[PDB]
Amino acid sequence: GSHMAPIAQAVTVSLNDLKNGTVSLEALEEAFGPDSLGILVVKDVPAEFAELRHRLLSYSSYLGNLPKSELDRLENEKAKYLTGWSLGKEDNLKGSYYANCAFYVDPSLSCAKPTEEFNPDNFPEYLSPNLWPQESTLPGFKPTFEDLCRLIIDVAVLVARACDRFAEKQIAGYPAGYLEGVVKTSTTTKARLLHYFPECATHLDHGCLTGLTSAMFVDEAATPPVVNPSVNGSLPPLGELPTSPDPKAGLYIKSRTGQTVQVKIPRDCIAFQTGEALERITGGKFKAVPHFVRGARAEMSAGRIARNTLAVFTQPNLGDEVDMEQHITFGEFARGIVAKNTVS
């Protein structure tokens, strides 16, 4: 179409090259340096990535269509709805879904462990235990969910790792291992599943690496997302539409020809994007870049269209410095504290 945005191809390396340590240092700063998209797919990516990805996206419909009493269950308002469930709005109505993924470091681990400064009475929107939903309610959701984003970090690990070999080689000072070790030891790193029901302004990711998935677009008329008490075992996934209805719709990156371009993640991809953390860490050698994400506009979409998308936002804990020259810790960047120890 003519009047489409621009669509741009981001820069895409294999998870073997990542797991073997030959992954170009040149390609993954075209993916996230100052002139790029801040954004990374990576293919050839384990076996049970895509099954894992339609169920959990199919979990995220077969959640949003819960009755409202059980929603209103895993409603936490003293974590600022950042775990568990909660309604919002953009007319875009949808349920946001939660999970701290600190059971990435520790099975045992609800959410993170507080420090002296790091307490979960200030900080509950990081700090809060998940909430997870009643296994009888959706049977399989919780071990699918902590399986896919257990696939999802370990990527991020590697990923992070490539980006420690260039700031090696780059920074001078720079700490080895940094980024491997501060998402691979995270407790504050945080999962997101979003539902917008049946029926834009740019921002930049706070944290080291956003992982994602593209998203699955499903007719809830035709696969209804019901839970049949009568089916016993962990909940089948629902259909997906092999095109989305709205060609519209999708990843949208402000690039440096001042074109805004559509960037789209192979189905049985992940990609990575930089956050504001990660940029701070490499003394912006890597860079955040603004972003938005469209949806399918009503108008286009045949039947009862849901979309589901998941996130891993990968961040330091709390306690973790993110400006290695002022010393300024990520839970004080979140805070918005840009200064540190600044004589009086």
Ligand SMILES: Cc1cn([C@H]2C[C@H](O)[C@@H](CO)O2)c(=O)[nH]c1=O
Given for the second form:
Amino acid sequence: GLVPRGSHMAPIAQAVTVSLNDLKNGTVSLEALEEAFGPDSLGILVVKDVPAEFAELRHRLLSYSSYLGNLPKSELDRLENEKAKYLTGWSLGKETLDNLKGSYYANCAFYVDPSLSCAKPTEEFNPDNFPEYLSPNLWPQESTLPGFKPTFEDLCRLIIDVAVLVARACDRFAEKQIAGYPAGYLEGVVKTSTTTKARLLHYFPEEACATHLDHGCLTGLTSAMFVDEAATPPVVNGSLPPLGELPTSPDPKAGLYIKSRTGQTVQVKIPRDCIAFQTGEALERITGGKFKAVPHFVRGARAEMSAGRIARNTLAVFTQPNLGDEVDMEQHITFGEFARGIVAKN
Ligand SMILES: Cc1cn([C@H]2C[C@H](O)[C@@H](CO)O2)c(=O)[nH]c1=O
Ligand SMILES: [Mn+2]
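Having seen the form deposited without ligand THM, please provide the structure of the form solved in complex with ligand THM.
Then the entire complex follows, led off by the chain already shown.
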């Protein structure tokens, strides 16, 4: 038991917050960055003052999560990819304490070259030996879900642009603190990655080890959108209007929970107008543990509060290295090796 059972609430903790303006001009405090990402931290950084288009893109794409999740089964079955371990396209998963959640995954190779559906395959790295990273994206039909693909790409591009600036700040820290560190490494790794993976998640309405570490470098996050799908039906019926976002969460216990090295778990909120970034294990390895991936988990809304009508939508963008990039620069372990569980090499 990490969080109190029943109606009792965990304390809420404030994440370190910086302005995108300071990320862009290179004046973000490295003290604040270490407070956000260091060994005693929550492993999360909130970025405010985001581009003006963010609010609408978030609203549209999180609405698409509901529309997508309610497409006829014949359409969703075409988006399933078992060879990719369901890490490309659509699939159904479950969360127990008892919520059903549909996931849609896409690689973000398009960030580097908009014509790419996935990394260019090689003998060393291809869909047959790394299907969970290198399989081609599977998109819903434009006629049945109009505008989904450009909206998805535009919001992911915005979030990755910000991730590149966060990575640049991390590089400033590492260049000051780590002897022999390659200047500009994390910025280059994020900016050129064709393995970065985005996940659009839809919690279906329901009637009345817990933590993980992210594996990549920096995970961009939106705040969650709750939708009353009885009031605004998630049915594609001119442009496609967004669905109604509930102003306030129906369940104050839903959300993100982080267990710092203090051993106790706190709830952490993302302001609706902000983007947050969590550190992952690859960034921890690249910084030799000077920044840490911090254990955490997400809870959906309890069925009593969903009341068979309220769905929950989120976007996460797992920026991470190309498979051949080193993550342990002493032992020369690559991200692909690291992903296959290799922890030592000689
Ligand atoms: C699918 C995926 C998940 N993650 C995060 C969320 C998962 O719960 C965790 C372990 O895979 O890492 C990544 O960092 N990269 C990915 O490609
Ligand atoms: Mn996570």
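Rigid core: the largest C-alpha set superposing within 1.5 Å between the two forms. Numbering follows the first chain given and starts at 1.
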_Moved residue between the two forms - picked from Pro266, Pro143, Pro107, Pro114, where its Cα shifts 2 angstroms or more relative to the rigid core_ = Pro114
*asked:* How about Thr257 - superposed on the rigid core, does its CA move between the two forms by 2 Å or more?
replied: yes
*asked:* Superposing on the rigid core, is the Cα displacement of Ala302 between the two forms 2 Å or more?
replied: yes
